[PDB]
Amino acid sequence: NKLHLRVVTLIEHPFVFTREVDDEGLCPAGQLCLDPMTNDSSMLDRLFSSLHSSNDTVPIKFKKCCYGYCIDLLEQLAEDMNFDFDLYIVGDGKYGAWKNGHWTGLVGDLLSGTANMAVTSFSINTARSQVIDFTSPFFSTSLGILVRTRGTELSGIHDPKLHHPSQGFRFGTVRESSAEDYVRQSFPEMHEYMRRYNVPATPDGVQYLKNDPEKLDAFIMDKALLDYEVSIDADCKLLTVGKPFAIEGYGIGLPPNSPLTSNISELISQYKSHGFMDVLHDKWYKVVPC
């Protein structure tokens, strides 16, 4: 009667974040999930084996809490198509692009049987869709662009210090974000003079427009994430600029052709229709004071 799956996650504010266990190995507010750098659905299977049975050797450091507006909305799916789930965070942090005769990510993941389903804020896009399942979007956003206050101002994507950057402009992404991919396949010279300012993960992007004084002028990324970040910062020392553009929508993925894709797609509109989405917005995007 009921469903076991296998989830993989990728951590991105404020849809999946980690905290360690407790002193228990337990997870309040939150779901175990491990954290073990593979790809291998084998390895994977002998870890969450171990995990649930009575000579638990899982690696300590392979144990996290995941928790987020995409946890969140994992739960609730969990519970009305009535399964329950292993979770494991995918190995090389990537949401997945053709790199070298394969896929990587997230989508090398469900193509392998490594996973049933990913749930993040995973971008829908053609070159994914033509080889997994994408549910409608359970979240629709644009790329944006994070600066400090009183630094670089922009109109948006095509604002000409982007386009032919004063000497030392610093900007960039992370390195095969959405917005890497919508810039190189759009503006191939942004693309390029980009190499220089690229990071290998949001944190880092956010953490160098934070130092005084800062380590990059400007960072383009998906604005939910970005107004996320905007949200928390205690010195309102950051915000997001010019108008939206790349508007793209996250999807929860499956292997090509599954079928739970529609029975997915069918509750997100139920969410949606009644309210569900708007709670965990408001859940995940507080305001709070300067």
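So that the term is clear: the rigid core is the largest set of C-alpha atoms that superpose within 1.5 Å between two forms. Numbering follows the first chain given and starts at 1. What changes on going to the form deposited in another entry:
Residue displacement note: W98 has its CA displaced by at least 2 Å between these two forms (rigid core superposed).
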Second form
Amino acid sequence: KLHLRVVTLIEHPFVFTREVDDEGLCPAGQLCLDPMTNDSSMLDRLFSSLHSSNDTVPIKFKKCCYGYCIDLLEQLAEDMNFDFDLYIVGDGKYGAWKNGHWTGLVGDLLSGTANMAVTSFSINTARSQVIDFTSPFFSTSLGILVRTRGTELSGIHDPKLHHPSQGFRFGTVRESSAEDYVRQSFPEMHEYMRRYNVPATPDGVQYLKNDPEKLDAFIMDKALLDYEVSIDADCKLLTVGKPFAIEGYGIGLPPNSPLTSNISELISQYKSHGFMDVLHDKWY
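Follow the form deposited in one PDB entry with the form deposited in another entry, if you could.
Only a single chain is listed, so you will not see partners or other molecules.
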């Protein structure tokens, strides 16, 4: 029985968090930590405490994690016969190459702080050079969220994005695969966006959707934007334009991990036996 430390990132509907219940448990999820650290020794120490009868973990660090990726992770743990500790990535980022290192989930895999990363994690070329990805369990285009009767765009090649009018505000999530795509394909656009990019997907959605409006368009994974559109009560949001930058979501492991093939096998079986469809129906 292997024991894996798993890093995740809260992104609806793939992973959500809520507080633990009265008896310190998670009847409909998995106990996780939200410790704001990338120090492997601190995590060891915290999970050691969490498992003991002398649990002195600050409550501010304890959460219940639930969602599509947590259901996936539980099934993998049962089929591969491993148990796991689960924590939320300290910097809240998926990961990018910045100032000579990798940040976010990619960084924790490369430092050995996490054994595996499970969330809506995009497989792209740059990350593929440094970490392993399993077979994908989901696929998504990038998308562009706007208000109804608001900004209209043809897709990522719209001149409004490339020769922006004064005060036209559009951004993406910092240190995501969407930022890496814009940075590598449209350097001048990437520069323009810097002042408008946001730390996390919910921030971009809030800035576009809520008043006072802070963004005119928000670019991020279409699967995530479509979820927000589907729960839009006032039906005042939409996604626009042609597809672009289609990527799979995969589980991340260190390069050349011996676990990758076994997890890929299971993901492929889950897909071919309708489990992905069940998870999609459950969470979307």
